[PDB]
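Q: Letter by letter, the chains look like this.
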Amino acid sequence: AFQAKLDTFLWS
Amino acid sequence: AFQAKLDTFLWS
Amino acid sequence: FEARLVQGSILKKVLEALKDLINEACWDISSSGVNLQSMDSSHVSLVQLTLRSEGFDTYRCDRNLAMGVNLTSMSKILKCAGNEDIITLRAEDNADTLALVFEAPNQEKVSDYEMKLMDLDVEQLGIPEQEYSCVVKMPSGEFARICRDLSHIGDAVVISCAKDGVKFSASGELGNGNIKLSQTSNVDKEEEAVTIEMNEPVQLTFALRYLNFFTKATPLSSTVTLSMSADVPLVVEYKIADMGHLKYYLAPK
Amino acid sequence: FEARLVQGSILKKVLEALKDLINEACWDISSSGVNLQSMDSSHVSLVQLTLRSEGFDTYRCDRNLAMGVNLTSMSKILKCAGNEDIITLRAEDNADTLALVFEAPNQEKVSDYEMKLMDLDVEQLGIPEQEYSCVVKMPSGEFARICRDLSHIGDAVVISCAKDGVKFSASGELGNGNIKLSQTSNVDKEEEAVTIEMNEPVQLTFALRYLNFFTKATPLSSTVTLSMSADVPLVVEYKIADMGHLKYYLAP
Amino acid sequence: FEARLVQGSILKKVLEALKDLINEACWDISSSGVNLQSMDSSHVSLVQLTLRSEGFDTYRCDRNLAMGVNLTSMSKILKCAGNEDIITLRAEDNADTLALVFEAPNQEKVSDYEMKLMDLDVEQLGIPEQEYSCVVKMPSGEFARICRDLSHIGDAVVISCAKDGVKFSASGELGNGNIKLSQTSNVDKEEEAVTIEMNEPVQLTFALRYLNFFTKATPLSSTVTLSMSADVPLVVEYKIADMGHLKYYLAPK
Amino acid sequence: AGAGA
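Residue numbers (the deposited numbering), protein chains in the order written: chain E, 458 to 469; chain D, 458 to 469; chain B, 2 to 254; chain C, 2 to 253; chain A, 2 to 254; chain F, 461 to 465.
Keep in mind that the hints were calculated from the coordinates and are not lab data. A portion of the hints provided could be inaccurate.
Okay, derived cross-link-like pairs now, DSS-like style, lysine-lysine, Cα gap no bigger than 27 angstroms in a straight line [to be verified]: (1) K77/A - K181/B; (2) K77/C - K254/A; (3) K240/A - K462/E; (4) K217/A - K254/A; (5) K20/B - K254/B; (6) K254/A - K138/A; (7) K77/C - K13/B; (8) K117/C - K168/A; (9) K168/B - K240/A; (10) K110/A - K240/B; (11) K462/E - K117/A; (12) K80/C - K217/A.
Here are the computed distance ranges between Cβ atoms for each label pair [to be verified]: (13) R5/A - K190/B: 21 to 31 angstroms; (14) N213/B - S43/A: 33 to 43 angstroms; (15) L126/A - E85/C: 27 to 37 angstroms; (16) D21/B - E198/A: 32 to 42 angstroms.
Backbone N, C-alpha and C define an ideal beta-carbon position, used for all residues, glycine too.
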């Protein structure tokens, strides 16, 4: 029920 | 610069 | 005094062109027709309207008349006029109220508004009448767009006119912008020609806000005419098709 | 209760006509059809909606049923409906909800919304009675234009109705305005005509604000009917297709 | 640097689709064309703009270059462009401003605007390319309408994609709403068909506000492509004319 | 000034 950040899905 | 008024140009 | 105008819409436009810049003005009515002239509150611009009596589909004026009018109220009344309505102006004969009569094109709806006048003390009458270094004629819509656009960039505009063309420059915290209009010469354009009459080159600076007020007269005329000389006010002229004109004078910067 | 309407626009148009004047109204549903009725918060005006069952393309109502509905909510929900959608209201069992089903005319899109109902235990009324001194039929758009216009001049309109025609007057600070409409010689068109059925001339003042709320019903009908007698509230009436009417009552 | 593009509207629309979502961004100009890649301030969404160099009427590129700009300033400048203007972008400077030149097609108007640049550090972390569980291709207008409509109901939308069709659900104070789109079984060679390519069914939740920012790119394309897999960001994809694409990535809830 | 009718 809360927003996840996009950073974790980006290529690092 | 200067924002003149029209009073100087009006003909009195 | 009684003036009938089949194209009532004209009047509507006229007031839309005045009501925001000037809220009060005096109307000089004579056998020659109707003249209005009024500076705005800040004395930076001046408005001059002329409608020749010959331009009205009916006109009768017995005395020189000078009626004080609140242009906001009159605008409100003209808003109740239809676009194809035949509009008649009726003066009582004494100094009381001004009647506006809107005839629906098909005669079965008639509106009559009676507007309270004001007692204003008229004066001056005279911007000094020059022969200008530069006269630029262009489409009105184009002018409107140019002022509108450059107001996004800066608060003031520098008009630089030379023989080839005219330039409109603005600068602000966004950056700057130039709008260059070349003269239409042997290329066949009439209403949408840009024609420049230049005696000497000019480069004047004016407040964009006032111009963006002036462009509210755009619906009145398909062209606008800019008269420029150095260190004197700019003339922005709209022709009121066949019956007269509406010109704005603007003190420079 | 299940009521389906192929011409969903109408429903949309009705809610638009109501939602701003009355935020919360109770729908009375029976096999005769839907009757909505409510006053505004100031209790100056009275809206009475009727939608008879025959106008719907399918209509079911086991038991006479009363639904407390927020009309701003229902309007917000109906904006989510396309102008050509088939709209089905459904309230089978008091589930404390009202279901709305918007069907794309080509059936590849279907939406269903559920609306929380309100508890409104005090009930109706419904008295559209009377014979009137003057009954004026006119274009709805023209009446709208007039109310809007005279709102500029003043906040109150004087309707002066006689045999020849009807006059709408307003007086304010800037001045006064009178809009005269003469009874057109012959009736025609999708109605540009003005008809006056008169027993006795009347003249009544009403608040322009409320009229400017009534004129939101303009999309519903090409014509509007103003019924007047002295010492009775004006009735501004819009016919809704063949299934009913929207009547506004305004005390003078 | 130097890139010309005949139909200005594109650019205008492109910047309309970005400015309110991302305030500042870096433009990667390479020989291959223009690439923008930037998350919004909250790092919940990611914009990926691509404009291949061959889709431009004129494209030159001496050095690979990174121009940091304020998209709000740039949008305000593009407002001063006509929808049919030919827009040239030019930044070959060592004291870096960006020149934007708007040529009115077949007339005498030429506008030139200079916009100050910024130093932004590029990174492009980038989204890994994968094959998605569900791919939904639909008319752009419909998607816009759905997001707008369900924002009337709640703040989050649940997208349930199965084989037959896709459902968009929301619930809030008013109550709830479900919008069903079946796969289209219709004729026409127009672009209003809803087609679903599903490997496995998904059900995911997303913030409607961000999608309502995304839908501002609707004027750019007649269709929108939605790509979905469990617990990864949604891809909302608009074709930019036929010269490139605009991709929005949205972290799920 | 209630409606009532």
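Q: Now, for every hint given, state plainly whether the structure supports it.
A: Right, here's what the structure says about each hint:
no.	hint	verdict
1	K77/A - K181/B	19 angstroms, holds
2	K77/C - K254/A	26 angstroms, holds
3	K240/A - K462/E	26 angstroms, holds
4	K217/A - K254/A	22 angstroms, holds
5	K20/B - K254/B	25 angstroms, holds
6	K254/A - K138/A	22 angstroms, holds
7	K77/C - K13/B	37 angstroms, violated
8	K117/C - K168/A	22 angstroms, holds
9	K168/B - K240/A	38 angstroms, violated
10	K110/A - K240/B	23 angstroms, holds
11	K462/E - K117/A	32 angstroms, violated
12	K80/C - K217/A	19 angstroms, holds
13	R5/A - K190/B: 21 to 31 angstroms	26 angstroms, holds
14	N213/B - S43/A: 33 to 43 angstroms	36 angstroms, holds
15	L126/A - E85/C: 27 to 37 angstroms	46 angstroms, violated
16	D21/B - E198/A: 32 to 42 angstroms	57 angstroms, violated
Comparing the model with each numbered hint stated earlier shows that hints 7, 9, 11, 15, 16 do not hold.
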